[PDB]
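Only one chain is shown below, in structure tokens, and it's the form deposited in one PDB entry.
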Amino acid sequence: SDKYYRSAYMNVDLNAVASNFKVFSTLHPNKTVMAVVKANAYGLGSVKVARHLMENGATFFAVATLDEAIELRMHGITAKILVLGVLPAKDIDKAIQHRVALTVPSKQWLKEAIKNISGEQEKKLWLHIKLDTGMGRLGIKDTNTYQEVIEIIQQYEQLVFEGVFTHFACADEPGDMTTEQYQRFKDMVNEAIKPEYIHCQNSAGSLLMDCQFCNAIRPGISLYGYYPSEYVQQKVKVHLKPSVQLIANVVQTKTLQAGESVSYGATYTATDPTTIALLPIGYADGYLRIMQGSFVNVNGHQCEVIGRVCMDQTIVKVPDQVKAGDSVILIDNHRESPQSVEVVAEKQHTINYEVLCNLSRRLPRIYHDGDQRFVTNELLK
């Protein structure tokens, strides 16, 4: 457990994460739950989340990049891992060496990948073909190309057609786009041999749909306790446990008399005699400038963020009784909270996903697992 030397941090509740994972296993008992731990597990810390999820039955992870997969492998993760992004073809041997499954986005990529296999790694290359069913991002859109790519893969004993998958553009909102995409996915997959893993559902799809034709799901944000939209939250009857709190303690208070100001990026002048509190957190921590004017919870009291948020500091208008040492909840681990991740996303003019991703390496993650507490502080690694 690392030390840390500033009173700002994230509480990461690993018991909540395990409980949320259990929700997906329970909803889909016959599917492999491919736990999405990309982008450092949406800010929570991919190594600690993956380790904890393996102790709770997880056997397959998905990440965005090979670096993310190697990071898991370096820290004892023995489960299957799929890279969802496109690997630079020159790095093919490293994927093979570390038994990491790769996404095939195109016939062109596959041909470049094969040319870079040196023969010095003879282990299998496991491949999941990505189909573009209307998202318009990565993948093969044409059935003929899909078949040609399967055939190329079957010509090489080293290359294994392990899976096939697609991504839904609008699964978190009502409309027929998702039904249409799903039908297109089944139509394409039924035109060739079926691989071992067939998957299309992220959090929203995993919560709203059965998808009997598929045998794996890819829950991401919902593993960490958040719904992908309010529509999905309202439409489903499971309970998700938010896993993150963002906390900082007041390091200094001052009382501004009438007509007195302080400048933290812009002038705030006290009209009445008001007390302010200085928090040791700022926009370099991911608590962005736009959080100006939002409210934080200081010892039970809703308190406005005043002046501009600075790189390393934030000022808050507080009651007189507030003092140095008092704990402040900037992001709370409850859905129905003025400091919920969704309310913070509204203030940020964005979505919950990004609120979480913004939280920088400077914040220690304090992991909770029952009574057990351990700290990761990236700066001292």
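We call the rigid core whatever largest set of C-alpha positions still superposes within 1.5 Å between the two forms. Numbering follows the first chain given and starts at 1. Compared with the form deposited in another entry:
- Of the candidates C310, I290, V262, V238, the Cα that moves 2 angstroms or more after core superposition between the two forms belongs to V262 alone.
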Given for the second form:
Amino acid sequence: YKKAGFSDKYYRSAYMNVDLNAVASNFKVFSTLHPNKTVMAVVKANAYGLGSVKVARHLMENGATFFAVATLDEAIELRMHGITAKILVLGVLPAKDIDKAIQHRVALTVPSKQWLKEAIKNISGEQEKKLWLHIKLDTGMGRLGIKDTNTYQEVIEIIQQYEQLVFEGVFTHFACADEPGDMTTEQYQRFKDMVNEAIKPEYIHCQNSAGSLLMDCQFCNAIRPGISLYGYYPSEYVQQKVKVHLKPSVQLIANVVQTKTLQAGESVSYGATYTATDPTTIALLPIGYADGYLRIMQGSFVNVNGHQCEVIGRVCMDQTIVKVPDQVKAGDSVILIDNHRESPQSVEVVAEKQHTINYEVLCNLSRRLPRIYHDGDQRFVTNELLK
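Could the form deposited in another entry be shown next, to go alongside the form deposited in one PDB entry?
Just the single chain follows, nothing else.
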């Protein structure tokens, strides 16, 4: 038994459906909203759980020329699998690893003057191609970046003394673009104020999903949409303000493997935490918190053949128990997360149950779930355990 060429096999009835056509459709919404901007598709964190390689490849087939990721590992993973678009690493590379970024033609973020000096000291001469750099400006977020104009200017002057270093881009990031209030306006003005005190690079970018949906920002020539490429609004506020429709791309599915009848007194799962009072039927699903369906999901509702059914007892590492009508039997499929916003199984409802935001619900989905990709009538599978 060896690695599959085209589609990985899988041997448990629990999986993610990933709609690639939905993702392309959402990408096309953004390029239509911003027809004179490069759409720098954010595919960090394995494309928010969907699969960075498959998504990037599909987006390239639909005109994408630039991607952003969090780490160099994520960028190298894209390169190993044939992605030839430009890639920006948004996080801070360790200076000792500078030669690997140059070798693989990956653009890096400059967060400070000190970093840039360390990075220069670690350039061996063995990789002689150009190093593309995007300078991060802190305009009030308080995270990564240069916050003062003098330092910004000094960094550009350093880059200009080395023919190997290219000032490719400058960028910032919004803290509160998905809530009402003036902070986003103020950050945008500050960003312009700084960028106007120096020579301008090829790429100027500031907008995440929320900023791309709420503002033009004519000054910028590129956008960095993440979560909304995959079909989710970054907040309720944004969803309510904008008229564009986004298509959710994920379903989370599992099939019932056994049904049982509990008599009054009998309990289910760890800690005897649900005790039957009547004759009630239960269904066992082969999915649990090691898959990202966390323990707190106890008491939520899932969709078994159209019927709304309560998750009862403790969610285990590998199993979930569901209270069901008598007609439910082994083999019936269950929607745990649905590809619709207005659903009791929406990502947002699951997020409310987990006391978190949609972003985290998607990132929780573990390596043990196969991803089954849909592209028209084509179907292919990634199962990380068998790669």
